[PDB]
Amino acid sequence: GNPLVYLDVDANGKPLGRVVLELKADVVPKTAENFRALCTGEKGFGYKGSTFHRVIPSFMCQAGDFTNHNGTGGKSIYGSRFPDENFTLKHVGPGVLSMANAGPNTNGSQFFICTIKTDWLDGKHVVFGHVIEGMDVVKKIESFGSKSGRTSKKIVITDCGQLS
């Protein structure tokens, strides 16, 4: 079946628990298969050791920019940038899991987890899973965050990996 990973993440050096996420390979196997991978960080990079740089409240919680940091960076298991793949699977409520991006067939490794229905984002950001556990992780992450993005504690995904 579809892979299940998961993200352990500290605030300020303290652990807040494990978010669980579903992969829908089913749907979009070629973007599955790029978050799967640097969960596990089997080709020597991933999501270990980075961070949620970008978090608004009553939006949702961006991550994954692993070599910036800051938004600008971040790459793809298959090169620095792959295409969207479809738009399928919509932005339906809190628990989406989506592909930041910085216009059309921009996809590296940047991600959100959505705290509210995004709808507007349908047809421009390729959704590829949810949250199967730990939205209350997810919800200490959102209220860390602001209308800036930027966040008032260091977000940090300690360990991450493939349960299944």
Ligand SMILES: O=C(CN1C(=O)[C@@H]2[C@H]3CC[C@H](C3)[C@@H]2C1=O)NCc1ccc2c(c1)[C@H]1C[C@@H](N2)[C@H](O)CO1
Second form
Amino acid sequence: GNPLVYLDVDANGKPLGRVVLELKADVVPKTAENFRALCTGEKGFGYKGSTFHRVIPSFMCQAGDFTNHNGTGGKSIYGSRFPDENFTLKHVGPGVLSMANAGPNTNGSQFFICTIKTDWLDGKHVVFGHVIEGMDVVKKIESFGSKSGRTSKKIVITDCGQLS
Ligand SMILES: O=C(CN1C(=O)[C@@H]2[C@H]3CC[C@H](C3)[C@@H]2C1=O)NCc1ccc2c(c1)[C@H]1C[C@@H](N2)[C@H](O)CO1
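Requested next: the structure of the form solved in complex with this ligand (the form solved without this ligand having been shown above).
First the chain shown before, then all remaining chains and molecules of the complex.
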């Protein structure tokens, strides 16, 4: 089966709730495994204690830069970057979970959750899962962003892990 993982997210130290994500290991096993392991922290690094550093309302919420905390960093469980696995899954609507990148074959740990259909990203960003529950929490995160992407409170992944 596919992994279920979770992110517990706070704003300025106040809890927003839990986002539960299905990782599509049946379609993108390498990409799913990277995210899963970064949620559990089992490689010695991962998302716990890192931030949503760019949040654009009516677009997406971006996170995963646990090295630089500014959109320049992050790393994968495999190394500093890994190839685009495939583009089979598309950016079909709110709740799509997809890899940030710096061009072709530059996946690390940064990711985004869509708050709209972002189909102009199809074929360019690897989609590897979706929100199962806690879309309301994603909307709370979205409310602390701005058109520039700069957040108005510090949005932190206080805890994360695997449910199954
Ligand atoms: O944030 C972006 C660009 N970017 C956007 O501007 C749009 C926004 C709307 C949907 C998403 C977010 C989309 C997006 O990806 N690039 C930063 C980045 C991402 C991954 C990696 C790196 C840097 C580092 C480390 C590691 N991985 C590799 O070693 C490469 O260098």
